[PDB]
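**Student:** Here's the letter readout for the chains.
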Amino acid sequence: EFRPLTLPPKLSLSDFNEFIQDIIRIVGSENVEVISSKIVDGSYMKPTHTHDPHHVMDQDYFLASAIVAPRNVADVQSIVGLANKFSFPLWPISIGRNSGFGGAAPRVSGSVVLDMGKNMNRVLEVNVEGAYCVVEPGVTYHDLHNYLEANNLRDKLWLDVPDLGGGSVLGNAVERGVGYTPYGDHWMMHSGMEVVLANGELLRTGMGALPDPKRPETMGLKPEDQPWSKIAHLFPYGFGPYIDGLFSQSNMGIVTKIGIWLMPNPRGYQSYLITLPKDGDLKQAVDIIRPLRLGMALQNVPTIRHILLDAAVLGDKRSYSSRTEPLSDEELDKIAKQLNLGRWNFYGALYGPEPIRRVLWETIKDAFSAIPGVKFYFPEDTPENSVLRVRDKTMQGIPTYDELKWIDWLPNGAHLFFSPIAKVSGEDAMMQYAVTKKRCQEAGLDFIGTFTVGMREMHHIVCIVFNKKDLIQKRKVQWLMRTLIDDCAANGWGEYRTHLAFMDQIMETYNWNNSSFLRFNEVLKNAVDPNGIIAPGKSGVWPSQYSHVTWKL
Amino acid sequence: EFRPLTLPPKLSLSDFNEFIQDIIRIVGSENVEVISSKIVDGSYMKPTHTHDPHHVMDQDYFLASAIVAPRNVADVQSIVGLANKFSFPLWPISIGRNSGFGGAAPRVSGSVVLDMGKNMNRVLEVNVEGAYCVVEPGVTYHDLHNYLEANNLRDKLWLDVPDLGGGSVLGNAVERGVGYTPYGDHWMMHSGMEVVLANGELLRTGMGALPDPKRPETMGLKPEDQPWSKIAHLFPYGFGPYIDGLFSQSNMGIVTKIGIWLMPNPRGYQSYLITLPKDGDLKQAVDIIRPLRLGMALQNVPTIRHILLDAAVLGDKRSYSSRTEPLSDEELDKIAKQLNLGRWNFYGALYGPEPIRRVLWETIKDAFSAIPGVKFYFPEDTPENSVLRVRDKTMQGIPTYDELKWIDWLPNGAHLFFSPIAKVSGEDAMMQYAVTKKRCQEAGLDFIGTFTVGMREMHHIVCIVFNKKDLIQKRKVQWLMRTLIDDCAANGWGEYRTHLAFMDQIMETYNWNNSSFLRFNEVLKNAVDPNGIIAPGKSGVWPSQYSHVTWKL
Amino acid sequence: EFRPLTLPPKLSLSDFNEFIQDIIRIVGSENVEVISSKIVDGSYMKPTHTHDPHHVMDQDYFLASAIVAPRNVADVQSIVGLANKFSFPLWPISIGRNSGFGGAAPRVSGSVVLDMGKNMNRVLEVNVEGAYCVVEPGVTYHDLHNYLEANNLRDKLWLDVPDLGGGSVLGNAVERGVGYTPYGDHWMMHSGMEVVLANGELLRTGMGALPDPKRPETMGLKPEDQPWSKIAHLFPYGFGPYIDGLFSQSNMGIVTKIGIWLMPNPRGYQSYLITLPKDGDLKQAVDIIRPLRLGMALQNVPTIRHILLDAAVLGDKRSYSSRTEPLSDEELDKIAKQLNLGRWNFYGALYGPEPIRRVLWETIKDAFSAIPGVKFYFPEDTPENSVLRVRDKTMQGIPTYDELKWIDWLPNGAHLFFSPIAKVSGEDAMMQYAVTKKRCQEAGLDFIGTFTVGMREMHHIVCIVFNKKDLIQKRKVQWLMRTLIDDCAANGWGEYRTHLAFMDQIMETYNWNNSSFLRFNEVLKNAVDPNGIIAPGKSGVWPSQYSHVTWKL
Ligand SMILES: *Cc1cc2c(cc1C)nc1c(=O)[nH]c(=O)nc-1n2C[C@H](O)[C@H](O)[C@H](O)COP(=O)(O)OP(=O)(O)OC[C@H]1O[C@@H](n2cnc3c(N)ncnc32)[C@H](O)[C@@H]1O
Ligand SMILES: *Cc1cc2c(cc1C)nc1c(=O)[nH]c(=O)nc-1n2C[C@H](O)[C@H](O)[C@H](O)COP(=O)(O)OP(=O)(O)OC[C@H]1O[C@@H](n2cnc3c(N)ncnc32)[C@H](O)[C@@H]1O
Ligand SMILES: *Cc1cc2c(cc1C)nc1c(=O)[nH]c(=O)nc-1n2C[C@H](O)[C@H](O)[C@H](O)COP(=O)(O)OP(=O)(O)OC[C@H]1O[C@@H](n2cnc3c(N)ncnc32)[C@H](O)[C@@H]1O
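Protein chains in written order, with the authors' numbering: chain B, 6 to 43, 46 to 560; chain A, 6 to 43, 46 to 560; chain B', 6 to 43, 46 to 560. A prime marks a further copy of an entry chain.
Keep in mind that the hints were calculated from the coordinates and are not lab data.
Keep in mind that the hints are not guaranteed to be accurate.
What the hints assert, rightly or not - Below, computed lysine-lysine pairings styled on DSS-like, alpha-carbon distance capped at 27 Å:
1) B:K229 / B':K43
2) B':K444 / B:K221
3) B':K92 / B:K92
4) B:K444 / A:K221
5) A:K559 / B':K372
6) A:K221 / B:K559
7) B':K92 / B:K229
Claimed, not checked - On the chain A side, residues computed to face chain B' include the following (Cβ under 7 Å):
8) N474
9) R526
10) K559
All residues carry an ideal CB built from backbone N, CA and C; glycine is no exception.
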């Protein structure tokens with residue numbers, strides 16, 4: 006194809022054409038869409056691979072020149088080798104459902120979006136004795152689930168899913184996303200991964216670097232196709248430098264396979280809901296959660312959900328008030344009463360044999376009872392369309408899609424995640440929450456959020472919903488985010504993850520000792536990708552060809 | 006003036022004298038010893056910092072030209088730029104008690120050993136709600152146990168210790184070393200770490216990149232002295248590339264501070280011994296352990312110890328036998344009848360409330376019953392002198408040095424570790440034990456070794472004890488080590504950790520795809536340390552100034 | 006031509022086309038086949056110049072982009088100059104019958120296969136007083152023979168041929184192949200050669216560097232066309248460095264002419280066969296051969312042939328057993344009796360006047376008689392289709408093609424040579440033979456082999472035959488070879504020659520002092536071929552543009 010919508014940096018239209026024609030020759034026209042005109048948002052079921060479907064910028068700000076779907080790893084080696092020849096940036100996606108953080112879109116306009124999971128979608132292995140799987144990019148959570156369910160494996164191994172099943176297992180891991188069983192730190196639960204580097208070369212990290220001994224049936228296989236050794240996915244460190252983190256939220260390589268640990272079926276399980284009546288209950292509740300989480304009475308990643316999250320699953324805004332402006336604290340309580348919920352709602356789960364669940368539940372019951380008005384529930388005890396029935400599945404690794412609903416709080420709706428980290432402390436959870444709220448009212452948005460409760464640590468996921476056709480809200484949303492980053496960085500809170508538009512501003516928060524951390528990351532980046540091929544601008548890590556003057560926001 | 010026994014590569018006696026003069030001035034000659042006469048092996052109590060105290064190669068083969076001890080970070084910075092000026096290799100050490108792996112000797116003879124711990128020994132912070140501490144290299148496990156006792160803090164926070172409590176908490180963590188509570192994975196339990204790079208700039212990882220908000224009290228501090236932000240030592244990842252691992256088992260920088268997570272007091276503890284009468288009971292032992300550990304009954308890192316390991320603690324070889332050759336199986340299980348131990352002996356522990364510890368004990372106890380003639384004891388049930396009583400201190404974070412006794416198994420005692428990783432597979436462990444044993448007896452040694460029980464992996468620690476005034480036995484020791492690597496690599500096991508002399512050969516077992524892993528690191532190494540200053544050859548990672556034909560072993 | 010089947014490294018399809026069109030302009034379309042689709048194996052009579060006809064890899068693994076047939080040396084200078092312009096690797100063949108070692112195929116897929124002998128096939132000189140010839144690449148053995156036979160020269164000069172006449176005289180020399188008269192070391196018997204270097208330049212080695220003095224009839228000639236001096240082909244060293252070996256089994260240049268010594272007609276000759284009954288007779292026989300070879304009672308390169316070699320010439324496998332699996336030792340003896348042969352069969356020849364042949368034959372008779380059951384034969388004494396009648400020709404330099412037959416032991420048959428060197432020692436010949444056999448039974452192949460008996464030295468030519476359409480045998484064959492290289496390198500035996508697929512693994516056997524020899528060869532290679540044009544990957548000698556990570560096997 007001939008005349009794309011945007012060109013990447015430096016590139017002559019003839020150079021594009023020589024390049025995109027050399028690739029039609031490798032993947033076939035089957036596997037190459039050049040983007041030549043109007046770049047539609049689509050849906051969660053048909054994820055757009057061209058731009059950010061939940062656009063806070065102009066719809067076309069983050070935009071591709073072309074989508075390329077390699078068949079196999081060898082093409083990936085070729086496509087990278089070819090981008091070096093032509094100085095052509097690439098943006099690896101596995102699935103492209105990174106909505107809230109920019110969807111499938113590249114940082115540098117005109118990049119090839121490299122669809123790794125169209126073709127490479129194979130669940131390569133499920134091992135029961137070692138309690139692990141191995142996956143290519145295209146393997147979603149529903150996929151991996153469906154595979155398990157087909158093979159009578161639900162009784163022996165369980166998944167850990169995020170809120171929505173459509174995500175990449177692999178993509179989410181490298182992003183360091185959060186799920187909700189014991190194995191919720193998707194990244195911690197990885198061992199042994201494969202990567203194609205900017206220079207073309209295939210690499211296996213950890214014990215993947217220990218080769219599988221030669222034997223009759225493995226001969227003649229191409230690196231990508233070769234087996235792994237005994238310990239590859241059992242123990243991630245191997246010998247020497249632990250390099251695996253260089254490919255999480257970074258642009259040092261292209262991940263082709265990953266090993267993930269799966270919790271074994273516990274032989275017993277109990278979801279539950281603790282409802283917390285007053286808005287100020289947050290403070291004491293956190294303080295009660297702290298030791299329970301630290302001593303493993305909270306075994307999984309329970310969440311503390313602001314009432315508007317649960318309410319937005321059950322309806323859009325306009326089904327509660329025909330009001331323009333953020334609902335009042337007085338209204339927020341009326342909604343809570345209508346649904347049999349607190350202003351905050353603690354969702355969580357118990358795991359193991361029942362004498363053990365007994366004990367820990369007796370502990371949790373007792374501990375939360377210090378709050379006035381506290382009410383406990385099991386799935387049994389709730390109506391059929393409740394959030395607890397959804398999270399009963401989620402907290403035993405079962406893919407749902409019901410949480411999407413909260414994207415249509417507002418017409419033409421789109422989310423953006425502001426995700427500062429907080430202490431498991433009342434004072435700290437309350438202050439940060441109070442800072443976040445003020446600013447959403449200042450921008451005229453309803454606060455919607457949730458706390459994913461890590462071990463010593465909470466990811467506070469602020470769920471900024473906005474009418475994506477309302478351009479005055481967009482600019483207010485942008486103002487909200489840029490301000491919230493500074494507000495929170497001014498109180499010692501950083502962000503674990505962002506949208507394309509905020510990657511630079513947030514990497515400027517991590518500037519202890521005159522941008523030390525960024526400068527070291529650049530040294531590595533420029534060393535392993537001399538040409539600046541791989542996702543330039545990812546996590547604010549620009550290679551040496553991109554003036555930081557022009558490209559940062 | 007100063008005339009040292011060896012000099013680093015290519016470096017004039019005058020250069021050396023000028024270099025040290027500068028340092029002696031910067032640091033004061035209390036903190037400089039030059040190595041100018043015939046290099047004492049030393050004790051654990053006061054460890055040598057010149058050469059390998061447990062020497063498998065010649066005593067003078069790994070030998071430092073001098074030893075420097077920085078007063079503070081600044082001195083490290085100053086020393087680094089001075090090493091850069093001169094192409095002078097530095098070898099960082101924390102405490103130096105890394106014996107069985109070389110201790111504090113360098114790879115390259117002529118290197119300066121950089122004793123970090125001598126001066127930089129302050130428990131910078133303990134933190135009760137965050138359940139963490141922050142330490143300099145000089146904070147030993149005992150220093151830190153000491154600290155918590157002084158402040159009556161063991162009611163609220165426990166430790167996790169190696170078999171001996173004189174290691175560096177920092178230095179052990181960066182070697183991915185191992186303890187035996189449920190925080191036994193020492194590297195995995197860090198968060199936030201300070202590092203001086205080869206260019207001498209400071210760098211803090213994770214949320215250590217987020218600076219603590221500028222206030223009037225902390226103003227005008229140096230970077231080394233600056234407080235960390237709220238989330239520093241709570242959430243390890245921060246934002247963007249997760250570089251923490253590049254400073255583990257590596258030569259990418261000098262670590263000055265590290266956060267470690269502390270397991271809080273369970274509120275209930277009880278160690279236990281299970282004896283396994285027969286040698287063959289290992290397969291079924293492992294096969295039963297596999298699922299008990301995956302499902303988290305076995306909460307800590309338990310240990311399966313060969314009879315001789317335990318016996319070597321209670322007494323030396325001579326105490327049990329005048330035999331020159333290795334002790335035979337008839338004699339070995341005689342020692343089991345003497346001591347009321349098995350051929351193998353399982354040590355593990357139970358944590359948390361009485362009702363829970365009951366339920367897990369029941370199952371552990373009734374699952375292990377499938378091995379014929381098995382037995383069960385608590386600390387109380389055994390002798391006052393027994394090993395369980397000792398390990399009862401170890402698996403609650405109380406340091407001992409009682410485990411040092413098995414080194415004196417032979418006269419002129421010196422340990423050395425061969426540490427392959429096994430599947431949690433009865434068949435696998437046995438086939439590994441059988442290879443390890445086979446080469447021990449050809450080498451003329453008593454097999455001694457404990458398995459550690461990780462989640463999906465076991466570190467099989469082969470405990471090579473030898474007489475070091477016996478030189479015939481050192482050549483056979485060397486032969487043994489170099490062979491067991493290649494043997495185990497030929498079966499698909501790799502080593503997590505080694506002695507100096509085996510780093511080049513072991514990095515060569517990780518040669519999947521024509522030494523791709525090693526090639527990637529070398530690229531990282533040369534980017535971040537242009538002058539090859541820091542610890543060349545550490546993990547066989549040679550910077551471009553050291554030729555692979557001259558320096559590989 | 007426009008769209009080739011595979012492209013070489015880096016190369017845009019437009020670049021290929023500019024390049025292959027500039028060459029159609031030099032050699033004509035007469036002399037350029039671009040390979041645009043399905046790459047057939049062909050036969051010995053019609054040797055394929057596209058790929059390896061005896062493929063152990065996938066048929067298309069080693070594959071060309073194009074075949075170019077230079078007319079004359081000047082084109083060769085042009086084609087090299089043009090490959091430097093475009094960075095286009097070239098793979099020089101003379102004839103392309105290097106079957107067993109990869110046929111005509113290149114190492115790097117997409118190279119031009121440079122057909123040197125299509126056009127340049129002229130026997131340039133035959134000198135009788137100096138007893139030598141001079142040949143271009145296309146001069147085969149049958150050719151050179153036919154030329155001699157046309158010119159009434161059989162009475163004065165004799166050839167030395169390998170098993171098959173179709174080979175290049177020149178190509179085999181530079182490979183260092185083996186023939187079977189006194190002049191069997193084809194490489195030793197060279198003096199004065201011509202080469203085109205990677206930089207374009209024509210060079211004459213040895214005394215070829217001494218120019219032929221100016222005289223009337225030699226004026227205006229282009230370097231290639233010029234005469235040689237008096238001593239050129241009479242004495243190979245010349246003055247200064249003996250550089251000739253840089254163009255044997257290497258990629259330092261393109262050989263355009265070579266001088267070869269021809270044995271003069273001895274004036275008397277007697278082929279013979281000594282049959283050795285038991286399989287274990289090998290041991291003693293070798294020991295008897297040793298002094299006879301060392302004192303020139305064995306004047307030529309006699310061979311010790313395993314009975315299955317002789318039997319495979321006389322029939323395929325299926326004419327002896329309809330059995331899948333390797334014939335038993337019990338069956339191997341039944342075949343031997345049926346054909347009037349030993350388990351081993353010693354073929355050899357006597358040369359000179361009959362009183363001299365008498366003496367040496369009386370010596371050989373006597374010496375071999377120490378073996379029980381030994382039987383001597385002349386050609387007279389054997390049936391017409393016997394191997395001795397074939398080797399009666401071979402050992403007086405007469406081209407045959409009868410040996411091909413053994414390629415059809417198995418259906419769809421193809422050979423591969425495993426060619427370790429051995430001592431003229433029984434213990435050593437027997438061990439190596441015993442190692443080789445075990446492994447062939449492990450792979451389920453019949454051992455077929457022969458020992459070419461050099462002076463102090465045997466080339467043990469293992470004749471691995473395999474059904475080339477049976478993909479499970481292929482992988483077994485690959486396993487056999489990769490294992491046999493290590494087995495034999497583990498006992499001090501290296502290989503004198505290999506297939507494309509094994510060149511890297513075998514150059515890794517020659518790694519004394521941390522790959523010293525390879526590293527020096529690279530220094531030279533990168534010096535004389537800066538662009539990496541000439542046969543990159545030949546003998547595992549990769550230039551600096553090819554990551555050793557990607558290209559080695
Ligand atoms: C809208 C929404 C989103 C959401 C959620 C609830 C709602 C209503 N709940 C989430 C949760 O509980 N936990 C969580 O981690 N995320 C949640 N989200 C966000 C989103 O649904 C998921 O995170 C989703 O898994 C992310 O998208 P996807 O799985 O499709 O991953 P991707 O878009 O393909 O990749 C994102 C980025 O990762 C890097 N990447 C990906 N693949 C590679 C390869 N192969 N090599 C190198 N880098 C890779 C790129 O930077 C890419 O852009
Ligand atoms: C003899 C012995 C050893 C032993 C053991 C039992 C016996 C009888 N049991 C162990 C166990 O159960 N678990 C374990 O992990 N190790 C065990 N060992 C070995 C040893 O005693 C301990 O591991 C000890 O804690 C390690 O020694 P130390 O803590 O003193 O570390 P070091 O001497 O400084 O050397 C470690 C290496 O790491 C690098 N390093 C260290 N500090 C730095 C800094 N600041 N910067 C950069 N690199 C650093 C160096 O390469 C150094 O050599
Ligand atoms: C199947 C078979 C093969 C065989 C044999 C018996 C059987 C049944 N017996 C042999 C024997 O007794 N002795 C021996 O040396 N080889 C034997 N073989 C193998 C094969 O038939 C011959 O070796 C044959 O002579 C080799 O093929 P050819 O003569 O065609 O040479 P080539 O394929 O063209 O060249 C091979 C490689 O040499 C380098 N080369 C060649 N020409 C050049 C020039 N002009 N410049 C630079 N390098 C050159 C290349 O590496 C080329 O690939």
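**Student:** If a hint holds in the structure, say so; if it doesn't, say that too.
**Tutor:** Each hint, compared with the structure:
1. B:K229 / B':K43: holds (22 Å)
2. B':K444 / B:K221: holds (19 Å)
3. B':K92 / B:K92: Given that 27 Å is the threshold and the Cα spacing comes to 16 Å, the pair holds.
4. B:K444 / A:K221: Cα-Cα ~24 Å, so holds.
5. A:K559 / B':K372: violated (54 Å)
6. A:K221 / B:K559: holds (24 Å)
7. B':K92 / B:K229: The given pair, whose Cα atoms are some 31 Å apart, is violated under the 27 Å limit.
8. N474: Because about 31 Å separates A:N474 from the closest Cβ in chain B', which is outside the 7 Å limit, the hint is violated.
9. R526: holds (6 Å)
10. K559: holds (5 Å)
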